[PDB]
Amino acid sequence: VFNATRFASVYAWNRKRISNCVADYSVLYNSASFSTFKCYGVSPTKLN
Amino acid sequence: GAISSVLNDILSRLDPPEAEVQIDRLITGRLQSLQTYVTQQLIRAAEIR
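Residue numbers (full-length UniProt numbering), protein chains in the order written: chain S, 341 to 388; chain A, 971 to 1019.
Check each hint, because a few of them may be wrong.
What the hints assert, rightly or not - The calculated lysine to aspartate or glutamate pairs, modelled on DMTMM-like cross-linking and capped at a C-alpha distance of 25 Å, are:
(1) S/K378 x A/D979
(2) S/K386 x A/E1017
(3) S/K378 x S/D364
Said to hold, decoys possible - Not close to chain S: a few residues of chain A, all C-beta gaps over 10 Å, as computed:
(4) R983
(5) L984
(6) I993
Hints in this document: simulated from the structure, not taken from any laboratory.
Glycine residues also receive a C-beta, built at the ideal position from the N, C-alpha and C atoms.
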């Protein structure tokens, strides 16, 4: 999803379902790569 | 008025400052419900006396 070479269009966007796996959100939050990271539903530090 | 009626749900989701806004509606709503119960007890207590 995040590291894909080319995302789909915003007109028609690719919806990827993530289930039955281990989600580590610290690599993405702590490491500085993406400029905009914000969580409306929950807190960014409580994601894990 | 809060998103959810559980305290642990709002505390683990919204930020501390944002949760306080939702917690305000929870406490304000519970206070009105708690005072309404105490007010009825005092009235019912008078009828018993």
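Run the C-beta distances from A/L984 to all of chain S and say if the shortest one exceeds 10 Å. A/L984 is in fact no farther than 10 Å from some Cβ atom of chain S, at 7 Å.
Given the hinted pair S/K386 and A/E1017, is their alpha-carbon gap at most 25 Å? Between S/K386 and A/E1017 the Cα gap is close to 52 Å, so the pair fails against 25 Å, i.e. violated.
Interface exclusion of A/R983 relative to chain S, criterion Cβ beyond 10 Å: violated (5 Å)
Within 25 Å, alpha carbon to alpha carbon, are S/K378 and S/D364? holds (16 Å)
Does A/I993 clear chain S by more than 10 Å, comparing its Cβ with all Cβ atoms of that chain? Answer for A/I993: holds, closest chain S Cβ roughly 15 Å.
Given the hinted pair S/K378 and A/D979, is their Cα-Cα distance within 25 Å? holds (19 Å)
In the structure shown, a violation is registered for the earlier hints numbered 2, 4, 5, in ascending order.
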